[PDB]
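Listed here are the chains, written in short residue letters.
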Amino acid sequence: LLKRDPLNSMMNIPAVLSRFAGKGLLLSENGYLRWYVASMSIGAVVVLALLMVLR
Amino acid sequence: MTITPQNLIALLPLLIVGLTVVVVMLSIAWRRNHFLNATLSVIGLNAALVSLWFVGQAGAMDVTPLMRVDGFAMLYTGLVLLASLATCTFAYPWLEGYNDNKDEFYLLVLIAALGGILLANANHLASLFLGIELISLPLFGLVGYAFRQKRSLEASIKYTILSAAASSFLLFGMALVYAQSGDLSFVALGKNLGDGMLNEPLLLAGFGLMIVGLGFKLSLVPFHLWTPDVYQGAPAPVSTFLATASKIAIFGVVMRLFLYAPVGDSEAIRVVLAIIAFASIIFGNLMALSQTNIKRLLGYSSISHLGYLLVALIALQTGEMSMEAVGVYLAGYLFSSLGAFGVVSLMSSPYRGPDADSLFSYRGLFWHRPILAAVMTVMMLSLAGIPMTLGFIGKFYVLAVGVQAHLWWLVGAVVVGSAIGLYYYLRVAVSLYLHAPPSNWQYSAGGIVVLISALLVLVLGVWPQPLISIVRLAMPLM
Amino acid sequence: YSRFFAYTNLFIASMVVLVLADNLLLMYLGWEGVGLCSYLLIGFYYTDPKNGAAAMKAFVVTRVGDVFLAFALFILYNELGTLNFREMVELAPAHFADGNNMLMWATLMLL
Amino acid sequence: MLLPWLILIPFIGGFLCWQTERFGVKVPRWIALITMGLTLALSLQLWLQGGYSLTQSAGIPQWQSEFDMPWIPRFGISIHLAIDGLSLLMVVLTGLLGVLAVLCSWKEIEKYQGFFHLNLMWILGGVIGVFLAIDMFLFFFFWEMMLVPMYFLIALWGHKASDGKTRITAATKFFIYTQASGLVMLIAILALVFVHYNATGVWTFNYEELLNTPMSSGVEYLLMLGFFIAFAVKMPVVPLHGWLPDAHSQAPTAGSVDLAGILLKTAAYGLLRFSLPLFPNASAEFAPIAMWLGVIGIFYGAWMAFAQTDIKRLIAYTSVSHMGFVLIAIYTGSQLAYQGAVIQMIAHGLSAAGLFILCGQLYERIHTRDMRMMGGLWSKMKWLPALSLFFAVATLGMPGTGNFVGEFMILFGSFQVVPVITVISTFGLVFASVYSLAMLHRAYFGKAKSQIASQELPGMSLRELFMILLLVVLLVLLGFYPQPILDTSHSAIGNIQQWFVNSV
Ligand SMILES: CCCCCCCCCCCCCCCCCC(=O)OC[C@H](COP(=O)(O)OCCN)OC(=O)CCCCCCCCCCCCCCCCC
Ligand SMILES: CCCCCCCCCCCCCCCCCC(=O)OC[C@H](COP(=O)(O)OCCN)OC(=O)CCCCCCCCCCCCCCCCC
Ligand SMILES: CCCCCCCCCCCCCCCCCC(=O)OC[C@H](COP(=O)(O)OCCN)OC(=O)CCCCCCCCCCCCCCCCC
Ligand SMILES: CCCCCCCCCCCCCCCCCC(=O)OC[C@H](COP(=O)(O)OCCN)OC(=O)CCCCCCCCCCCCCCCCC
Ligand SMILES: CCCCCCCCCCCCCCCCCCCC
Ligand SMILES: CCCCCCCCCCCCCCCCCCCC
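Protein chains in written order, with the authors' numbering: chain A, 559 to 613; chain B, 1 to 437, 445 to 485; chain C, 113 to 223; chain D, 1 to 504.
If you are wondering where the hints come from, they were derived from the structure by calculation, not from laboratory data. Treat the hints loosely; a few may be bogus.
Stated by the list, open to error - Only some residues are given here: those of chain C computed to face chain D with a beta carbon under 10 Å:
(1) 121
(2) 143
(3) 198
(4) 219
As the list claims (entries may be wrong) - Stretches of chain D that chain C covers, calculated by requiring three or more beta carbons in the stretch to come under 8 Å of a beta carbon on chain C:
(5) 10-20
(6) 137-147
(7) 388-401
Where a beta carbon is used, it is the ideal one built from N, C-alpha and C, also for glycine.
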């Protein structure tokens, strides 16, 4: 039952999580300029809303 | 306030680089000579670099209602001038293969260096804005210098559109800040508020809009999506300049603005910047895990390193070595990016036409280019925070600064991002030594520049005391 | 031939160490050497895997016994502070005048 | 005085092996042998001139030698070396294993042997610097400096039979584990330095000055937790252990690189030297967790090693179990258990060195490492199976070898402190005997189940036999007469134990 080293897989789980998160985050780099401007405006909205909430 | 002869001798690098621009333009108008124009450009930049010593003799003072010269300006002017000199040195062998006109490159590099020096000396909203655009527009020219190539034209279009949008955002933010305050000086942004009403909504919204613009200019999440495409499409010396000089000058003026403005002490801005730095570190490290292109990988590297810089920036009002940490980190990051992008440029030089690919193919670089592979792996280990490197000294400074201010979330972000950066940097450094299947002194000069950068990183990683003493000697005005 | 005679000579030497030792640790040295020589001599015809399995079972059962002997050694040293037999029979009734549970455990693991 | 030379002589030697490759490919091995012989001679001269046997415990700090040089005066950082009995013992062990590693790769006539030898000597210099530094930044510096040559050796000069992608994957996993743990240790170091700075006002990184640091309960726990994460990754302690079999599998074929950096107990030395004296109360509260982690590590390594079809992975999990024994020993707070831990660490290094060298020689003979491909090898090899039988006997805790003295003094001290962990660890010793017998009977005994194990194999060379018999002699002498090693480290163990039990 232990020949496959389960604790090694348990500690290798964050590497799989990091790979999956990087693959998911790379979808935002689609190369579309209109999406880049939309993301810039989204970030402006998020920053201004955070500053208004935390004021 | 008028200009004195002391104010004129404190204006020496700006005047020298501007006179170099005029002289280079008159030389181009006389006769198109690539060697003579490049020589005039590098002589003017070196003259500014050595006139920095006379500026240091002149002392620290306020030269304009706009500019202020102190050791802060000395250090960041020197970093910008070194980046511009390295950019010209890498640019000549790349421009040797250019069929179209080559002399405009050094004119644009000189004007962008002038904008960087202005940003280093900036003590005003007007000077900050003018330095940002004086950096941006020559970068618009240099990114799309090879406009026949599809990648460079696309990167130029993306950079121009997004930087125009960010300049509009930044100018609207300055307009709201000026409507709130009534003075455009850096020290006066919040002096009309007291007894605990520093969090004025109009001032906070204006500062948030300039935060949006500068976070575009510093590749901070979520204004970071342009970085790999613009880094990949632009020419490799342009990638070198955009990675080093623009980021250094904009972060220096952001340092000076957040140090001098009383509203930089406000907690909402600090929490927003903490979220931005956390997300920037995590995203810029995670998004470079599976990159087969060195330019996009170095762009995500720039995002993560600017996240580390912002982490050092957050504790500016609490710690005492935070701006010293920023200076040491920026010197190390300058040398690291200079070496890495210089190796990339020396492999990409000369320009082999616009229809042919500029593919790096870093696998097995040691078996034909051993010295450049050694330099490249040294800079790869330097960017990872691995010891006996200057990047490790900067990372240690960032970690100590974060430890002082109890910013433990940011410290955990630095640790996790350092692990992910370790993975991809070591992947590149070990792919250098696997198995895969010049002839002029300008190329030798570029190789000498990257070798000197690698040796400087190794020496100042083993013995970091002279750089720490130099950065501590660059004491701004309180 | 030489391997057999070397193993039997080491067996003789370890048993002499076992029967001549004045302290429990030296007698444990002879004890475990005797067990090792028993393992090396039982599986002498190493070509047959059944001999190897027999040597495995012998050494594992004797090693469980030696672990119980080690239990007794630990208890005796923790109680009396010595491992000499004469020192046990000298200062055992003085130390165990009040309680006899640890001495009972030590004798049980000796058994 | 001799400590800066003790660190710099491997570095200058490795630079000389790189530079003197132009005079010949057979030259850098001789240069590396000469400079490791010089390092071992300097270590033995320090042993002779130290007078460690007559030294009595006086309390931390107490160093037999001390060197100071300012390195970064802004942070109060010094190149600060200090040697006492324990550090000298580890330096002597490092020098001996470095000589053995240099001799173990004597037949490599590769075109880039000089950089391999530089890489090895820089690993050895980093290990010596870890054992010698008593400055927090310098200790961390050497701790993370000895990993880049480790990574490059595993990745480039590793196991040629396996694919390159697996070698790079194992090397990157090892580097990521060790350097992330080192970063957490650096954060603990920096927070301790800043706590001392707020309490005092003096910038320092010295171990002697940071000892008397007044900290609240909970901060000290976090600092010792960071130190323990580093010293538990490089021990290894479960579950932070997979890098060790992954790197041992993809280690270079000769096995020298296994002996150079992976086989030396820097983490347990750091636990004895830095974790316990700096954070005594927090380590006293963390003792049950660390002791149960050691028990779980012993049995996890035993069950792992029994189920391994690879010899190198079997020895790696043997190392995991014995390091769990040492981890149980360290958190007892007993002088006898600490001395047993020192003896066990030295003997385990010697036994694992012999096992890895014999496995490398066996792979040179037969070109395989799977237990389903060997059997009955006793009748085909002249010297190797009997020596491997001796070393597998050593790693099961057999009296007559120093490992027995190690675990038995460990368990005597532990039963003086905690009895249940002692009895469960003795059952772990039974498990150790079980997997040693399993390896012996799957490897060298039985009938051959492959064609490459059906032919007569060449005997071992004179140098390999000489160095393996030297290891045999040292293990036997440590088993029968461990007294000089015990009197060498009596003062340092006494100081650490008195500081641990007098500050709780
Ligand atoms: C993934 C790896 C990275 C993980 C994330 C990075 C590290 C996270 C550390 C979290 C620490 C949480 C602390 C919560 C309480 C903070 C407030 C507080 O109590 O401050 C006390 C003190 C400041 O007040 P002062 O007047 O100095 O009092 C002296 C008290 N000794 O405070 C001080 O003087 C400074 C206290 C510093 C405490 C130690 C911080 C580092 C500890 C080592 C690393 C974390 C633990 C080990 C790894 C865990 C698993 C990752
Ligand atoms: C009753 C009261 C007293 C109890 C005292 C304690 C228990 C004593 C147990 C005595 C009996 C042990 C029998 C061991 C037999 C070993 C030989 C054997 O079965 O060998 C077969 C196999 C061979 O291995 P392999 O290399 O795969 O073979 C090659 C191909 N033939 O090898 C194997 O399969 C390996 C077998 C390993 C056995 C390990 C035994 C460990 C015992 C631990 C005792 C723990 C006691 C406490 C338990 C918890 C109580 C709450
Ligand atoms: C006691 C626990 C609390 C304290 C923890 C302190 C930290 C140190 C100890 C834990 C370290 C865990 C490291 C786990 C990953 C090890 C690296 C690894 O396995 O890399 C190899 C792997 C690529 O190999 P492969 O499987 O071939 O990938 C297929 C894709 N081509 O690579 C990959 O898949 C990508 C690797 C990305 C970089 C490594 C992952 C970094 C994640 C954050 C690390 C910081 C710790 C966070 C908490 C860990 C869990 C508690
Ligand atoms: C991308 C996703 C994947 C990668 C990322 C994964 C996650 C990475 C981050 C993991 C770490 C999270 C944060 C851990 C530190 C938490 C600190 C904390 O909670 O501190 C609270 C308290 C502070 O002490 P305080 O009471 O303020 O002291 C002043 C007066 N006494 O603290 C205390 O009082 C002491 C608390 C001690 C216990 C908390 C620390 C647990 C550490 C777990 C790892 C190590 C476990 C032990 C060893 C395991 C085997 C090696
Ligand atoms: C730790 C900071 C950096 C130190 C230097 C790291 C190495 C730099 C490059 C030196 C030259 C490397 C040559 C490697 C040759 C490998 C040949 C392999 C043949 C199979
Ligand atoms: C750190 C390396 C340790 C290697 C093993 C050393 C084991 C100890 C050997 C000591 C010598 C024993 C034989 C000679 C005894 C001489 C006694 C002289 C004084 C009475």
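### Query
Do three or more residues of the segment 137-147 of chain D come closer than 8 Å to chain C, measuring C-beta to C-beta?
Violated: only 0 residues of the segment 137-147 of chain D have a Cβ under 8 Å from chain C.
### Query
Is the interface hint for residue 121 of chain C satisfied, with its Cβ closer than 10 Å to some Cβ of chain D?
violated (15 Å)
### Query
Can residue 219 of chain C be said to touch chain D, with a Cβ gap under 10 Å?
violated (16 Å)
### Query
Holds or violated: the segment 10-20 of chain D covered by chain C, criterion of 3 or more residues with Cβ-Cβ distance under 8 Å?
violated (count 0)
### Coverage of the segment 388-401 of chain D by chain C (three or more Cβ within 8 Å)
holds (count 4)
### Query
At a threshold of 10 Å, is the proposed contact between residue 198 of chain C and chain D supported by beta-carbon distances?
Cβ of residue 198 of chain C sits 20 Å from chain D, so the hint is violated.
### Query
Does residue 143 of chain C meet its interface restraint, that is, does its C-beta lie within less than 10 Å of any C-beta in chain D?
holds (8 Å)
This entry does not satisfy hints 1, 3, 4, 5 and 6, going by the numbered hints stated previously.
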